[PDB]
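Listed here are the chains, written in short residue letters.
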Amino acid sequence: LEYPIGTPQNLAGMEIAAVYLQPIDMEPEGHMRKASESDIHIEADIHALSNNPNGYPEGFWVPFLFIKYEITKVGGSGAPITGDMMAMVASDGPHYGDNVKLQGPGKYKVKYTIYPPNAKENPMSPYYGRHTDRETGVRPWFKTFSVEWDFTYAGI
Amino acid sequence: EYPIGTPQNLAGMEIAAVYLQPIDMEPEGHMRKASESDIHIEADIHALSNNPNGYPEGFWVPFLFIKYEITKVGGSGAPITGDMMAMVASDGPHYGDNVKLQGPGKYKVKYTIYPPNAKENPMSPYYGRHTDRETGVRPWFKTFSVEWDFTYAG
Ligand SMILES: [Cu+]
Ligand SMILES: [Cu+]
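Protein sequence lines correspond, in order, to chains A and B.
Residues in the first sequence are numbered from -15 upward in steps of one, following our numbering.
Residues in the second sequence are numbered from 1349 upward in steps of one, following our numbering.
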């Protein structure tokens, strides 16, 4: 099932929502930590709002982003749980996600750092372009930013 | 914004071939210089109803790889070949390339459309598909080609 995380946030003509599901299985295998080695599938749900700066019609999935996440158990002085999401498709459409192993039931904080197509850290920079001519060009890509939420994990 | 024939409904997607004047793009070094090209050729690919790879109708189909072959009818030159690149423009994301043609006249335009997991698709390690019963989708479509007749006005 789905376990939404807080309320969606917006920036730069995109809506950013966080949710987790039960761990999933994915092709290509050997990318997702196996479902049996995980507690949840964390996801970032990112869609264009109106007047999107890069030409996306409202509602379109925003592709070719790179998302790094940090999940910290509240009150914990231990190391945060970190990883990189991967772009993928599921029955509900494309999203960014990762299978994650948590640190038991309780309160967590979740931070997503969202990299644009042209960020150094985004491995997809050489594969996705942007028109820059006057007639068909669009605005520059957004700059890297982070968004945070709190959530409770009960065990699924 | 100019059409190459009419769109074809294939593999749960509308595949349209269009073109416009040569463009400029970030990142540099992928498109041929606009001044050294004749057109920007594009593949406009969106999901139809009941798309089997998880896309709601009208969505752009991302992470594909498109190779094109443009042949002048009766031409003695080599066919014009290349790879499109995914990119965004004012009307949305598409696949495109700046192309130099071989003068005005009749051409055949063929696109070979590769799914995310094709050997030929360099984006295969970057795009996944859920396979579990609850949230999975059907296997990626099989690589296919689509052709049209094109008259270049010059
Ligand atoms: Cu996923
Ligand atoms: Cu383009």
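Hints are computed from structural coordinates only; laboratory data are not their basis.
Some clues are possibly wrong.
[To be verified] Pairs of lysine-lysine residues, derived as DSSO-like cross-links and limited to a Cα-Cα distance of at most 30 Å, are as follows:
(1) A/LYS104 / B/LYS1420
(2) B/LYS1467 / A/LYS52
(3) B/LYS1381 / A/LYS104
(4) B/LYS1490 / B/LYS1415
(5) B/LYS1381 / A/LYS127
(6) B/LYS1458 / A/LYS104
(7) A/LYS57 / A/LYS93
(8) A/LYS52 / A/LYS91
(9) B/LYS1381 / A/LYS18
(10) B/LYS1415 / A/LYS18
Checked hints:
With a CA separation close to 41 Å, the supplied pair A/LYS104 and B/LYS1420 exceeds the 30 Å bound. Distance restraint check for B/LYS1467 and A/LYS52: the Cα-Cα separation of roughly 27 Å lies within the 30 Å cut-off, and the hinted pair is therefore satisfied. For the hint linking B/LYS1381 to A/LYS104, the alpha-carbon distance of about 24 Å falls within 30 Å, and the restraint holds. For a cut-off of 30 Å, the pair hint linking B/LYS1490 to B/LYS1415 stands: about 15 Å separates their Cα positions.
Taken as a hint, the B/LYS1381 and A/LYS127 pair is honoured in the structure, with Cα atoms around 27 Å apart against an allowance of 30 Å. Among the hinted pairs, B/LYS1458 with A/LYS104 is inconsistent with the structure: their alpha-carbon atoms are about 35 Å apart, more than 30 Å. Between A/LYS57 and A/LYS93 the CA atoms are separated by roughly 6 Å; this keeps the pair inside 30 Å, and the hint holds. Proposed proximity of A/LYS52 and A/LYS91 is supported: the alpha carbons are some 20 Å apart, at most 30 Å.
Of the pairs offered as hints, the one joining B/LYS1381 and A/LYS18 is violated, with about 45 Å between alpha carbons and a cut-off of 30 Å exceeded. Proximity of B/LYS1415 to A/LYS18 is assessed by CA-CA distance (about 34 Å); at most 30 Å being required, the pair is judged violated.
Figure legend: structure checked against the earlier numbered hints; hints not met, in rising order: 1, 6, 9 and 10.
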